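Undergrad: Residues per chain are reported as follows:
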Amino acid sequence: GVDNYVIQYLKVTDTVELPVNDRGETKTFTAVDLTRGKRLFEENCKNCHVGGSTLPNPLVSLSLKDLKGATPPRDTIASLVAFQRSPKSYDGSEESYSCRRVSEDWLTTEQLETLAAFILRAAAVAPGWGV
Amino acid sequence: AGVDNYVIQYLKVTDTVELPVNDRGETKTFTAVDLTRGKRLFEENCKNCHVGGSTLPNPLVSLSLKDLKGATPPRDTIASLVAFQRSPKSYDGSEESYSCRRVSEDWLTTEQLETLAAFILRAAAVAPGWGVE
Ligand code: HEC
Ligand code: HEC
Ligand SMILES: [Cl-]
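Those protein sequence lines, which keep their order, are chains B and A.
The numbering of the first sequence is the deposited numbering, which starts it at 3 and goes up by one.
The numbering of the second sequence is the deposited numbering, which starts it at 2 and goes up by one.
In short, the hints are calculated from the structure, not lab data.
Take these hints with a grain of salt, some might be off.
What the hints assert, rightly or not - List of simulated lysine-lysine pairs, BS3-like, C-alpha gap at most 30 Å: (1) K90/A - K70/A; (2) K70/B - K90/B; (3) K67/A - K67/B; (4) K29/B - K67/B; (5) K70/A - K48/B; (6) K70/A - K70/B; (7) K48/B - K29/B; (8) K13/B - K48/A; (9) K67/B - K13/A; (10) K67/A - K90/A; (11) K90/A - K70/B; (12) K48/A - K90/A; (13) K48/B - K90/B; (14) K67/A - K13/A; (15) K70/A - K48/A; (16) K67/B - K48/B; (17) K29/A - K70/A; (18) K48/A - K90/B; (19) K13/B - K29/B; (20) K67/B - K90/B; (21) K29/A - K48/A; (22) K67/A - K48/A; (23) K29/A - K67/A; (24) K67/A - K90/B; (25) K67/A - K48/B; (26) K29/A - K13/A; (27) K70/B - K29/B.
Isolated chain B, as found in the complex:
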């Protein structure tokens, strides 16, 4: 059903509101959404981003501090989604081939939004994330 990590570490039991853009819009995500997103993160991302780290480039982690230091900041659903569709360097000036680009054939919009939600929520509230 719902993952206990989402219960325990993300502190979500029903729903949660997350920033979609820099404009002021939010989107509601359920606990099952964040559970699905956690699973997608395990299948596609965790091997390089264990615990919110970035093993092949420790300065550019998935911590909220590091996401907010990116150009543009990677602290919203829309900016995280846009990033995975075409990964970029930290200053955003060059294409990066070190992280995993995800096509719409691989993850649909809905799926990638759950992944971004899991990462954004974990960045905001999970103990130890990005350490």
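Knowing the structure of chain B, use the given hints to seat chain A with the ligands on it.
TA: Using the frame of chain B, we list chain A with the ligands on its own:
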């Protein structure tokens, strides 16, 4: 949850299977439960780069049986895959690789890594599409 369907239907192992344990013709007996455990370890630790037997960051060095057997020395036995994972090497074996995931004994025990090697080895042999990407 005891034996996963993928192992029955795609690895074609219901009871046991015999896999090359070393280069001198010796095999070791793995059960369907062993391969299920190895699959789970692969899904948890290796799948971002090696989904379906591919190698996303270097597709020329995949988990296909062809590519495994062409490594130096060949990576087509339990012992050779375990030794690889403990300290990953380049394809010709002359240099240390930092592009794959080294697995310390603190991460996976000998037996666990054996079951992961067995999963990869059986998949390479019989799983439809494995490594052909
Ligand atoms: C290893 C091969 C990786 C996998 C698999 C995934 N990512 Fe990654 N990511 C990786 C590196 C080496 C980097 C640094 C990139 C650079 O060129 O600077 C990243 C970066 C990110 C970031 C940006 C973090 C920041 O502080 O700005 C994000 C948000 C990110 N990665 C997400 C991500 C997701 C969701 C993945 C699963 C689909 C994923 N990455 C896979 C290395 C690797
Ligand atoms: C991405 C970050 C990887 C993860 C996670 C794992 N592997 Fe890997 N592997 C990766 C690369 C880029 C390469 C090519 C290496 C080179 O220097 O030539 C490999 C290679 C292997 C091999 C050898 C394949 C061959 O044809 O000889 C094996 C057996 C292998 N990888 C297994 C493996 C396992 C079991 C992992 C999970 C524990 C794993 N890899 C993670 C990239 C990445
Ligand atoms: Cl891993």
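Undergrad: Confirm or reject each hint.
TA: So, going through the hints one by one against the coordinates:
A hinted pair counts as satisfied when its Cα atoms are at most 30 Å apart, and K90/A with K70/A qualifies at roughly 15 Å. Pair hint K70/B plus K90/B holds up; C-alpha atoms about 15 Å apart against a cutoff of 30 Å. At roughly 45 Å between alpha-carbon atoms, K67/A and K67/B are farther apart than 30 Å, so this suggested pair is violated. Restraint check for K29/B and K67/B: satisfied, since their Cα atoms lie roughly 22 Å apart, inside the 30 Å limit.
In summary, the hint linking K70/A to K48/B is supported, as the alpha carbons are separated by about 29 Å, within the 30 Å threshold. For the given pair, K70/A sits about 46 Å from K70/B by alpha-carbon distance, which is inconsistent with the 30 Å threshold. Taking the CA atoms of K48/B and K29/B, the gap is about 24 Å. The hint holds against a cut of 30 Å. Using a Cα cut-off of 30 Å, the hinted pair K13/B and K48/A holds, with the two alpha carbons roughly 28 Å apart.
In summary, the hint linking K67/B to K13/A is not supported, as the alpha carbons are separated by about 48 Å, beyond the 30 Å threshold. Taken as a hint, the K67/A and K90/A pair is honoured in the structure, with Cα atoms around 17 Å apart against an allowance of 30 Å. As the CA atoms of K90/A and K70/B are separated by approximately 36 Å, the hinted pair breaks the 30 Å bound. A hinted pair counts as satisfied when its Cα atoms are at most 30 Å apart, and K48/A with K90/A qualifies at roughly 19 Å.
With a C-alpha separation of about 19 Å, the suggested pairing of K48/B with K90/B holds against the 30 Å cut-off. Taken as a hint, the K67/A and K13/A pair is honoured in the structure, with Cα atoms around 20 Å apart against an allowance of 30 Å. About 21 Å separates the Cα atoms of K70/A and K48/A, which keeps this hinted pair within 30 Å; it holds. Between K67/B and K48/B the alpha-carbon distance is near 19 Å, which keeps this suggested pair within the 30 Å criterion.
With a C-alpha separation of about 18 Å, the suggested pair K29/A and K70/A falls inside the 30 Å cut-off, and the hint holds. Note on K48/A and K90/B: the hinted pairing holds, with a Cα-Cα distance of about 22 Å set against a maximum of 30 Å. Taking the CA atoms of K13/B and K29/B, the gap is about 17 Å. The hint holds against a cut of 30 Å. Restraint check: the Cα-Cα separation between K67/B and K90/B comes to about 18 Å, which is no more than 30 Å; the hinted pair holds.
In summary, the hint linking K29/A to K48/A is supported, as the alpha carbons are separated by about 25 Å, within the 30 Å threshold. Taking the CA atoms of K67/A and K48/A, the gap is about 20 Å. The hint holds against a cut of 30 Å. Restraint check: the Cα-Cα separation between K29/A and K67/A comes to about 21 Å, which is no more than 30 Å; the hinted pair holds. Between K67/A and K90/B, the direct Cα distance comes to roughly 34 Å. Violation of the 30 Å bound is thereby established for this hinted pair.
Distance check on the hinted pair: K67/A and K48/B sit about 28 Å apart at the alpha-carbon level, within 30 Å; holds. For the suggested pair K29/A and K13/A, the alpha carbons sit about 17 Å apart, so the restraint of at most 30 Å is met. For a cut-off of 30 Å, the pair hint linking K70/B to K29/B stands: about 19 Å separates their Cα positions.
When each numbered hint is compared with the structure, violations occur for hints 3, 6, 9, 11, 24.
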